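Just one chain is shown here, as structure tokens, and it is the form deposited in one PDB entry.
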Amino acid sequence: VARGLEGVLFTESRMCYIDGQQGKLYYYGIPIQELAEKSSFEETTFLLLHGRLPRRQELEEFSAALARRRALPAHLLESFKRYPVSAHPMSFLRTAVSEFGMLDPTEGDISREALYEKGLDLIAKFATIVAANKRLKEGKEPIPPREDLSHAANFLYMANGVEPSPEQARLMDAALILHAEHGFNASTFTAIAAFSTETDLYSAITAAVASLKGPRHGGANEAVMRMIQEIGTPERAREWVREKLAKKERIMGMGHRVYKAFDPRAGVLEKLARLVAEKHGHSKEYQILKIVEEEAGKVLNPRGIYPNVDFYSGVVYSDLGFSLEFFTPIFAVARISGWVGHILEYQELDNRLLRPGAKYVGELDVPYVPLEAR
């Protein structure tokens, strides 16, 4: 019995190479650090769906294609008015994707080309859905997308009601690129497991959202923000760290389960976060984070325990206007590209129905006892 399917390889892939021991992460062979620094969510999405970087003309048309698809149908925006505002944002997203599928006249078409086109629609619309949820949570109206803005800049615009600075847009753009893909994690696997019966794309993506909503996957930066809230103020941060280390207690965001050395995604984000802080000001959360980074680093750096991407992303989203409950939704806004890419790849290279089993340890030949005899 292969508990948790640990060590089990069930298919082949060309999408994501992960070497946790050496700190390497590639998207179709290209290092994530290069993409986060030089690419855009649109270009990286093209890479994840096509397997190669786009030529200039291809990128322009691709970005425009996504931009035109950002707006949600009026039918869905109307439904959002009654979606419980008190509900978990991931449940809002889960329902939105499912209901949206009902509006597709050819919802069940799963030809490669149909999956690709419906996929572009979902990639463009995810940011709009999440931003709408945020606006409604604030008692405000969702904001129509601005096609002149990039996917990342428009996401911030629709979420906050104001166009972000170039620095803020670049920070969010990098964050999305950094979380767009990560191999066969739980949500990507669930998407494939669902798609293996040849169900429609909305069904597979709804299953992915359902998986991602779980605390065991896609919620790492929540623990870091909870730590920051526990610290409360910058003035107590340094002392808090000392006490934690003295008690041999773990510091959230330090070290990683997969990346034994450096998390290849952390560096670019830390730098861009600094640039935003220097232009827009250092938030209370940012100040606390930097003190923890420095004080904890004095002891952890020599031990090879470095801050990972989750150590920075939560503060980044907070600084960009988002609350903790929207962290996983933002993760989904990025990961939808990886999910679509994985569905296209699985269909192309494997496409088999998944048929795992379980070792039977139950009983046999148990009698159907008459009701009165029990």
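Rigid core: the largest C-alpha set superposing within 1.5 Å between the two forms. Numbering follows the first chain given and starts at 1. Residues that one form lacks are left out of the comparison. Compared with the form deposited in another entry:
Rigid-core fit between these two forms: of 193, 223, 186, 110, the one residue whose Cα shifts 2 angstroms or more is 223. After superposition on the rigid core, displacement of the C-alpha of residue 328 between these two forms stays below 2 Å. Comparing the forms between these two forms, the C-alpha position of residue 45 differs by less than 2 angstroms, with the core used for superposition. Core-superposed comparison between these two forms: the CA of residue 170 stays below a 2 Å shift. Taking a Cα shift of 2 Å or more after superposition on the rigid core as the cut-off, the stretches of three or more consecutive residues that move between these two forms are 219-278, 283-312.
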The other form holds:
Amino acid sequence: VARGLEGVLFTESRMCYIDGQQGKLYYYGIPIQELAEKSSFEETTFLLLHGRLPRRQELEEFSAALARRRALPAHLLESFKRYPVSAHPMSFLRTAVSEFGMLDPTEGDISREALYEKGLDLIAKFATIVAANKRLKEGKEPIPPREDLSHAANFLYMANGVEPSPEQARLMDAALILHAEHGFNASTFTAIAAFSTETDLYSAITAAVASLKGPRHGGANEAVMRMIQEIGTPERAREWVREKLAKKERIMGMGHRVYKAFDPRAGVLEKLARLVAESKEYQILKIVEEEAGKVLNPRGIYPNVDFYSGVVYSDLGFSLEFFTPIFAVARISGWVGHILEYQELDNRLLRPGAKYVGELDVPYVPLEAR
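Given the form deposited in one PDB entry above, I would also like to look at the protein as it appears in the form deposited in another entry.
FYI, this one's just the chain on its own, none of its partners or other molecules.
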């Protein structure tokens, strides 16, 4: 029984190579550290959708293309007004994508060209949705996209109401790149499971968002921040971990189905977190990292991408309930890419089985005789 589908390779992919032992990550063969440093969200999105780095003009046009698609339709923006503002942002996002799906007169079209076109709209619009949610949570009005800003800069602008510093934008740009793609993780896999029935892109992405929301998965984002707050001070971190591990509970932001080593994305984020810190949250994380590490590292359990990302998002102006949506704002590129690849390379309905451990030939006992 392949519990958790661990070790099950169900398809072939060119998109993401994860070396869990050595802790390497590549997007179509390019190391993530290279991309985080040098690339942008648009460029990495092109890479993930097209399978190669864009040329100058391609990138310029691809970015303008995405930018032109950032705005949400009035209908959806009107709908947001009654979206329960106390609802979790991932549930906001989940609903927005589904509703957006209804507004598409050709929603069901899944030709490669339509997936790509609808995907460009989702990749572009996700930031606008999450930002709108954030503005609404704050009792303020959603802000229209500024097409002149990069995706990252625009996301910050719509979320915060002011154009970000170039540094702030670069930080957001780095974070998006780091979360953009990561193989057949739970949310990507869920999207493919859904898509494997030839359902529409919105259905597959709603499912992906649904999946990403979980605290075992992308929800570990805010969970780690919850952990930091619960700890409160770096002075309480060690004993906190000691007793957390003593009651055999899990330390959020550590451990990974694949990485049995420091997450190469966490490695990058740790450095960005360190720069923002220069700081209690970061100090607390380092202590948790050290203290939990000494029992978990030997088990192959290390900080993952969710461990340091919150420090980063928090610096960018986001409260913790938006950490996972920010994740989604990036990962949508990877989801669309995977849906395009799965269609091309495999496109088979996923229909697994289980090991039945129940009973057979149980009688239907007459009601009055039970």
